[PDB]
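Asker: Read off the chains here:
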Amino acid sequence: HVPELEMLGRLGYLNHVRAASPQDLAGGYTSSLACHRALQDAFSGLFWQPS
Amino acid sequence: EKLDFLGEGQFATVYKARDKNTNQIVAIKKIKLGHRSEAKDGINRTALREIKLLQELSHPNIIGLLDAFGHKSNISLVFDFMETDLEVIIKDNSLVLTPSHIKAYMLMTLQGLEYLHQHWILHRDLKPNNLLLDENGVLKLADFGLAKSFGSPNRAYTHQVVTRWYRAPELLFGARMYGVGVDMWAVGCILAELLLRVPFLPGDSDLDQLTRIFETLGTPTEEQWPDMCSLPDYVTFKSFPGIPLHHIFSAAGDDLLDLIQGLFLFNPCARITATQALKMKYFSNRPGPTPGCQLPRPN
Amino acid sequence: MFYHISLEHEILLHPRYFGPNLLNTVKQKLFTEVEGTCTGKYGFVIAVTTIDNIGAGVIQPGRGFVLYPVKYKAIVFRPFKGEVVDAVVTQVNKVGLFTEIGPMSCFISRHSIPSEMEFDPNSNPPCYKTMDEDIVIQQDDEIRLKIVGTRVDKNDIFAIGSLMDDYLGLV
Amino acid sequence: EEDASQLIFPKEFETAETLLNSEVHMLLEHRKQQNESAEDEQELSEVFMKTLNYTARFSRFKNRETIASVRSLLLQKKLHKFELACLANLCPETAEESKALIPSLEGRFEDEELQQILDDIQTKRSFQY
Amino acid sequence: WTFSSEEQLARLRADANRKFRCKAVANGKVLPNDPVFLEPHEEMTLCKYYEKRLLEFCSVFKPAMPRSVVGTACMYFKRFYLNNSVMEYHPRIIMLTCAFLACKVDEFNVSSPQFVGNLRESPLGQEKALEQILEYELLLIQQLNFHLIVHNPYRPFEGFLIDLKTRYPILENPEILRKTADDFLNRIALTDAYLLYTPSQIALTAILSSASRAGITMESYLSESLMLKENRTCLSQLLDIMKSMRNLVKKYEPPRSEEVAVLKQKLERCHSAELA
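Residue numbers (PDB author numbering), protein chains in the order written: chain 3, 259 to 309; chain 8, 13 to 311; chain G, 1 to 171; chain D, 14 to 142; chain 9, 11 to 286.
Extracted from the complex, chain 3 is given alone in its bound form:
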């Protein structure tokens, strides 16, 4: 980047709008229920096991 001052211009403008439409979707309880379903399927899956 560039030091000195300069950056004080659009400082507050970028703070309000960071990215164009941020990917903030709650598809699975704040993106956390899908992590629990993947762990449960590994403990009891289709792995062939003896008796």
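Check the hints yourself; a few may be wrong.
Just a few of them, taken from the derived set where beta-carbon distance is under 7 Å, the chain 8 residues facing chain 9 [said to hold, decoys possible]:
id : residue
1  : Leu65
2  : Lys84
3  : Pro165
Pulled a few chain 8 residues facing chain 9 out of the computed Cβ check, cut under 10 Å [to be verified]:
id : residue
4  : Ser49
5  : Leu60
6  : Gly82
7  : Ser164
These aren't lab readings, by the way, just hints derived from the structure by calculation. All C-beta atoms in this analysis are idealised placements derived from N, C-alpha and C, irrespective of residue type, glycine included.
Given the coordinates of chain 3, assemble chains 8, G, D and 9 onto it according to the supplied hints.
Answerer: Structure of chains 8, G, D and 9 alone, referenced to chain 3:
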């Protein structure tokens, strides 16, 4: 306590001022930064690992370090003083001649890069002047303003960095991954500059630098350097063959050609490193290098 | 000038000439067809380097033969106006010198010959010698000329040359 | 029209790779090995024997990697594909002789750098066989 | 940097709380021995709630933050409180100072307004937050004892995945074993296993832990060799370490919602009482 002024630099002005307590001469390199702005980054951590981790690592081929102090705005560096550099030997001043003294330069340069690669440290700032010389003639580096701690995998990082004169062929195209060949590319470029005493790669930006390198070394083919068309940022040029390296340089022995060819290899996975370079037939002959006493110094 | 580009020509194969390996039959026939010929766009095809790609079999009504668009890369030879190459003297006549550059025939007019090397019809072997007998240019000699004008014709292309230029003679 | 003195080339022969005598003689030598160590059943022709003999009559190189080295130094300068083969196949001696064969060479770089370029060509030139 | 065992960390952070009490009593402002201060056992909850919130702040960062950048800020929050208490320095500014001081050395294209524009408040309130970071940015450097030799477990994690997809032709799908292993490295990051173990053996433990719970149990992997195992040389000094890493994750107490709201109220009374 200001003493004398030297010169400027890329992003830091060198000041020759004697520091306190320690009687050694300190060359303060003040980095121009900001402090007037509110939410300002101020100090950049690109040199934080330099003035905090260099005190632990001790090596003769690596520059020293004493203390460090600052406050966002003015970050005064505390480093040992050096006599001259390497650009003054070739550029402008042409009276200082080194008859068969280049062997001592590459011998002390590969040892400094080998010690940094062992601790997972890359010197991503190679340019024909960092090789600082002291009174005893000990070849040491300059500053670590672009160092980084890497590991086994190689991911994407910064681009369009490093001095445009000494640029790796994989860095000009904007490749996301890299490796040891980044620091091993400018090793032969500095060696090629001390032979003919002329700029070996006088190029401009990333587009002009590709023309000078390819017209002299060649174009990476499929058998040479694979994986080339898969990169998005790619340009199609002419089918450059390859100029030999034993006719461009006049004063060059047979053992010297065994090292220059291995350093200018377009394959980073097959490029020679520092351990295999010191075990070649060039650093094990009759013309032994000089310790540093017989090496001349500029005016 | 010797070049190396890619050529594409339609090769017709006889229906009886198939054999076990159909790809080997088309390859052996390609070397005995396009070689030795010359075109006005590519040049004199000498030999075929490496076969690139071979097309499928195109069948058209009224023509029992089979077609295979075989793509390859063969060397050519197309002279240009202003090329300076060597030649071999084949015939010497009082009207003009007859030289040939490989499969290409050249021609040198009388006005392009200096007055020193005058034709001598006295001796049996025709040659162009000077007055002081310095150099002798006779049959089967290595000389040099400059191409003035090229011309293509079936296979034996024509390219007139000149001799008045300097730095020539027996090289 | 086409002109080799002013580099007036058509759209088909503008970026084409040029070949010299020893290069064509090397590729034609591989065809001769396919007739001696295999022969198959088909015979060649007299044109192949006359072309192979004409290339070796004016050839001056031997090794494969040596030929590719001559075409390398003649490319980094502001030249052309046609001027590259004229300075590699004929193998000029002096710097003034190079410009006498190419009319478009005088209007380029000076003779101070051209003398160093011809030093590598004369070094790799096989004087004897 | 690694230390030794859990008993060593039980005395380093305990002496930091008693060190601040020596300067708060000898002043005549706060009554000695009162519930106003925070107990050393109560500081464990504050070191877990703000650490989990720091992980969520890095996930919603723009653009895509690298893996080693997230784990870098977690190493600065633990080594700072080894010599200081949580009452003198509020964790609200500490977790933002450690995150702002851990996004440059990894060669990431980021500027000053890009890191600030991430909270959910007014733009004018974000300007005062960085002004207090400068007062703690210079102090955070001196509190690290000049120790920046740090290595995140996400770096050697990509090296073990190549050995499994090459020596074992069956296990050729590294995308399946990647999601089940990233969650294990995040749970162990909240404990104290980074300052007590080698960062090279942490990535190896996540491979055997995520594979044993799925069914595919490698029995010949321990008999092979992969660059001196990135740990020790003997085989007996390898099973006792992996069993201790999973014990800290199972015994990890999550931050209770009924305790964070109480500790934050008692912590604000010390900062508003003029150095207390």
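Asker: Taking the hints in turn, state whether each one holds.
Answerer: We went through each hint and held it up to the structure:
Annotation: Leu65 (chain 8) was flagged as interfacial toward chain 9, and the flag holds, the nearest CB pair being 5 Å apart, inside 7 Å. Given the 7 Å rule on beta carbons, the hint for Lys84 (chain 8) holds: about 6 Å separates it from the nearest Cβ of chain 9. Interface restraint check: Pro165 (chain 8) against chain 9, minimum CB-CB distance 4 Å, threshold 7 Å, status holds. Interface hint status for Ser49 (chain 8): upheld, as the beta-carbon distance to the closest one in chain 9 is roughly 8 Å, under 10 Å.
With 10 Å as the threshold, the beta carbon of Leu60 (chain 8) comes within range of chain 9, its nearest partner Cβ sitting at about 7 Å, so the hint holds. For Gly82 (chain 8), the interface hint holds, the least distance from its beta-carbon to any beta-carbon of chain 9 being 8 Å, beneath 10 Å. Because the smallest distance between the Cβ of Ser164 (chain 8) and any Cβ of chain 9 comes to about 4 Å, under 10 Å, the interface hint for this residue holds.
Every hint from the earlier list agrees with this structure, and none is contradicted.
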